[PDB]
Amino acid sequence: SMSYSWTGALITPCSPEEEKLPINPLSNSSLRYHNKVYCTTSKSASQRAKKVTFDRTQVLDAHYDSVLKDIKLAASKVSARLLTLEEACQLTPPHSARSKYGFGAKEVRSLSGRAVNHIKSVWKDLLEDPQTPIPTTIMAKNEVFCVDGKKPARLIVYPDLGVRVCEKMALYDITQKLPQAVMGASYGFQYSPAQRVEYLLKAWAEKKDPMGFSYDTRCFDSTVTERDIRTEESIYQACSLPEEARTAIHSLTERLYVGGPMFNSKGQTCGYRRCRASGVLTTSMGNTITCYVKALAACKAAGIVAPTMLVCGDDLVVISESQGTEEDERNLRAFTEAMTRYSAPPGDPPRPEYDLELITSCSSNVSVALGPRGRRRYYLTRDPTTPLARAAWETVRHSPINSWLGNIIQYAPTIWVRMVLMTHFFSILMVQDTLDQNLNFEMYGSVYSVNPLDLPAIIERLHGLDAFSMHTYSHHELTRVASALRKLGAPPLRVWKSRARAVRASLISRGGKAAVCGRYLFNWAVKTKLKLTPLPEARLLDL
């Protein structure tokens, strides 16, 4: 069947949109930035709709059946509970999109009578009706990118706030338990960046002759079939559950997850979906389990020797025993053919790598830096151009949600985070006098809140003390930040190093947590190094 059907009505915005920042004609830097940086808007929504609309074909085999049976068996050992109406209301984030029924996240969170009783009828309706399609809204995401053409806008498909609370009642406990239970160590979302690196280093070292590859499915959400979604439901039903959860899970699968009509921001019918909805509670878990099932089966079909797998939604990495370059190349082609048969076709074909550092997954790669005594430290990095471009977007566009503080947290050991992002961020917090204030930031389709003064403790907990002493960066990391700065029209590293010395001194002068930030985060900026010791604060819980 077709992944989507369309009526011709536009995917409409709800906010003012901007494809490009206005150019300053007397600035060459403004010109370089204008030539390279763009924001996705509703205007490209139709181009995305064309790319994601296609017929799916699925051919399953004994390799697929065998893997599916094993994950159902592991799922059968899990016991999960219903969340009460109150717990599910409490799990709603402060600014979750308001309901069409005249109530927002504030009424849900505070348990206001009308919001609670509206959700109660949505819940009872799921128990008595297993068939009526649930309506959804389709919206074009506004994301900043750097060219090399332009990526069209990604689409978000989500049900009403009242339905979102009900999904949590039925499946929240499952999302917190099922992935780790059925995938074990392969479950990608259980690791901090230092633990992920440790996992990859152990996977690499345990092979006699390692080979690794990453796989990208072309438009994964659209490749998910109705049969794939009903299979996810049978995985969920393999768990031990209250009968009320079983009924609600079945109704959610048939009325929402398998498909349904999509409406734009104006209430006009946009189309009909017959694939994965991007904005449902089960998107991340469903994608991770389904990608894992299809990939493990494809590994068996291709004759991949001793695979160690790491799965993050549709992002997958397989580290295995190399059979030599010719056989590895034949095996990756057979893996791709099996993946395509299972309806998970490739975007870019996979390539075997014989150095862990050469694999790109979740836009990232492992890099090596030397410590002050010459010890090799391994950490995750990425090309810094798009994160730096996103950081710059907000200097002319003061957004209430920062789209680059997530980079400081995830990529804290990197040259580009330490020298540029940290320097710029702490500078702007001191100019605005917002240092000690909690701020909102986006991280993998979620709006988190963090206090900037807690950054040294958060970083040590997620990366270790090593994040504050990556002394000698690789030639590639050095070239990557220098080219990114040049391409965006930004000042070079020598300027950032001078600015960091002033930022370090200004933070130290404020004392307390601001002085800890200055001493730990900017030790790279001084020749007379302080001896950085473990933070007792890092021995606290962020998760």
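We call the rigid core the largest set of C-alpha positions that still match within 1.5 Å between the two forms. Residue numbers count along the first chain shown, from 1. What changes on going to the form deposited in another entry:
Per-residue Cα shift between these two forms after core alignment stays below 2 Å for all of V37, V52, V516, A484 except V37. Comparing the forms between these two forms on their rigid core, the Cα displacement of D355 stays under 2 Å.
After superposition on the rigid core, the Cα of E87 moves by 2 Å or more between these two forms.
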Contents of the next structure:
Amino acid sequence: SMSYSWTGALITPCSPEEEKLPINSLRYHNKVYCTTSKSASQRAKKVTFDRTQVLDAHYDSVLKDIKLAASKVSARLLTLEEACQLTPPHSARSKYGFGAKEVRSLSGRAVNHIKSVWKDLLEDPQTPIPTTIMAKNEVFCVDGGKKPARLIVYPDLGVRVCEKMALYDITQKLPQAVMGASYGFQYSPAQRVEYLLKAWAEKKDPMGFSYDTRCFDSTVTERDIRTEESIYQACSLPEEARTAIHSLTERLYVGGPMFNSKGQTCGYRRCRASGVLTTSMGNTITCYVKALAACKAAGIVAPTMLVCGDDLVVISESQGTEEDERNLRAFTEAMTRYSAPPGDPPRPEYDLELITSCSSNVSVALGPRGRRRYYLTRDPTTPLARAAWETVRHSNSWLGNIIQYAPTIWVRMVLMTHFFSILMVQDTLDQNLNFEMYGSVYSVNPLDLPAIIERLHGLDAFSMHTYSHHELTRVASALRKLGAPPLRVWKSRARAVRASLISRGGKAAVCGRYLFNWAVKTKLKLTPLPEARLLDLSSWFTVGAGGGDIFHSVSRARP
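The form deposited in another entry, contrasted with the form deposited in one PDB entry above:
What follows is just the one chain, with no partners and no other molecules.
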């Protein structure tokens, strides 16, 4: 069927929008742009297409294996209170006279509304649950042609809290149980790099590829979503959870009406809703089922897979150049029949460093003893374009980028320097900041960055040097494109930021010493941070990182 039908009503904004920075620094005015609801119709057309799905014995066999693996899981309902605390503080307010603040504080109006939503899920398994469709306002660098806005489709806040009560515990247990080491979200960046190097090394002759599905959410069929429900139902669950999961599947996940911000009927969806709890989990499991079945259909030899939502990497035993091309073509044809055709056809790679996945590539630099250190990086154009917009306007993406890409030269020299300088000038350094990342929210105090970085990337993230020529060229090109200061200027700025941080003492001084050790002549010998050992970041290493309206925070476990 068609992924979407449209009434012709526009995708409308809820708040005023800006395509360009106001000329009210104004050095980036013509270097950056923001997507708005004005390009929503162009995106709507791109995400609307017919799906045909033909499954075979390879798909059937893999699905039977997943269902048996899911049978081992036991999951429980979350209490209303647990689901309320997982809700981010600025999650889109309900249409029923309450917002995330009232949800988190367990106010009478919010609680009573959520209880009647839950009761309604138990009593009615069919009435379509309305959704809102919105165009995202995201920043990119001017370069072919302006990117149209991405679209999000979500149910009301009351329904979102109910999804957590029914399925949150499943999202924390089911993906690892059915996918094992293939489940991408479980790894910190250092552990992902370790897994990739190990998978590459355990091949007699390694060949790898990334597989980019064209608009994965739209390729997800009604049958794929009802199959996801049957994988959920294979778990040992309380009866109440089974009823609510079935009702959420038929009333919301399989499809339903979409309304614009004005309350006008906008369209009808027959594919994945971008803004529901099960998007990240369902995409991960469904991508995994299709890809493993396609590996079997193609004759991919000894595959090792890594899956994060719709991002997929397959590392296997090379069968020779001609055979590898033939097997990848056969892999693409099988993925196409399963309703997952590619954007660009996959290419066999014989160097792990040449594979791009989740917009990232593995790069090499040297450590304190001149030993090789592998890390994930990416083109910094979009992170730097967003940092420029957010500095000119207010406050976010910079914190998410610092955390994910802490060992990169562009984070160390540019992002870290600029944002620690802004934090001190604002005198709002010792505050927890909330930042949005793929539909979920994280609360991090910047003063805790050294311990967080050590836990995620290791102590080598503060002592890496001799970055690659490709990496240095990519960073210098991005800064030039944006008309931003070159790398040579960031060292002098970092010395000042480091001095200011040290002069403040305490945690601020630890940030100065660890994060900016690269900027000084007389390097200190950085030792492991005892605080890093106590960190509890359990929720961070789950599908919750890829979406689902989840609030993640930094906890500290007792020894």
